[PDB]
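Note that this complex is displayed minus one protein chain, with the remaining chains in position.
Labels A, B, C, D and E are assigned to the chains in the order they are written; within every chain, residues are numbered from 1.
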Amino acid sequence: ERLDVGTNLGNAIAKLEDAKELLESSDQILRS
Amino acid sequence: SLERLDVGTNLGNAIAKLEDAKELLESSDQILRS
Amino acid sequence: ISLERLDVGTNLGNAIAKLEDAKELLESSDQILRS
Amino acid sequence: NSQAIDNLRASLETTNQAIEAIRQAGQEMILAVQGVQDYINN
Amino acid sequence: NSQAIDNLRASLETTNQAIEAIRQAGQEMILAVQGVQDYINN
Partner (left out) sequence: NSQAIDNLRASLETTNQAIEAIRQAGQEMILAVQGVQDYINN
């Protein structure tokens, strides 16, 4: 078979997206 | 005869640090709750 | 001939630089807390 | 000031959740590197 | 107490920036690992 670690890399990408949303929410709480 | 790839020392160190981080975030959360 | 080899050093080097930035920013946060 | 305190707590709880997401992203990165090693060896 | 609250706000805004830098480092690590996979499969 080919090498395919896309499930884990895609999961890392998704988690970093989640972290970005949360950091923006944290920064808005401070602002507000 | 090709030697095996083994980066498990560095990955095992990273795993342990992410376990340490989990314990510290749980401590931070519990300080806040109190 | 470099195309005969693997080189992901641009991305690794960018990651190393951002982890250095993070360490500077954490040291600053610690210093403000201590003060 | 009391409002600033409750606001700081809500921000820090949210920051903690962001960090937990980055921590889990790091786990996923490690699993990917493990998968590359296993493929190369096996 | 106002100065202390100001110091906590200053520290947390800097801590959020530190997290953003690690998030960006993570993105670059993902690209590196994807580049390893793409090389191996080529």
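The definition used in the following text is that contacts are C-beta pairs under 8 Å (C-beta built on N, C-alpha and C of every residue); 3 or more make two chains touch, one makes a residue touch a chain.
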Inset, instruction - With the missing chain put back, which residues of subunit E would touch it? List them for me. - result: 1, 4-5, 8, 11-12, 15, 18-19, 22, 25-26, 29, 32-33, 36, 39-40
Inset, instruction - For the chain that got dropped from the picture, name the residues of subunit B it touches. - result: 5, 7, 10-11, 13-15, 17-18, 20-21, 24-25, 27-29, 31-32, 34
Legend entry - Missing-partner contacts on subunit D, residue numbers: 1-2, 5, 8-9, 12, 15-16, 19, 22-23, 26, 29-30, 33, 36-37, 40
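Definition applied: only the chains that are shown with their structure count from here on.
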Inset, instruction - Would you mind reporting the rotation angle for the C-alpha fit of subunit D onto subunit E, rounded to the nearest 5 degrees? - result: 120
Legend entry - Which of C-E and B-D has more C-beta pairs touching across its chains: C-E
Legend entry - Inter-centroid spacing, subunit E versus subunit B (mean Cα positions, whole Å): 16
Inset, instruction - Report, in whole Å, the distance between the mean C-alpha point of subunit A and the mean C-alpha point of subunit D. - result: 8
Legend entry - Of all residues in subunit A, the ones touching two or more other chains: 3, 5, 9, 12-13, 16, 19-20, 23, 26-27, 30
Legend entry - Residues of subunit E engaged with two or more neighbouring chains: 8-9, 12, 15-16, 19, 22-23, 26, 29-30, 33, 36-37, 40
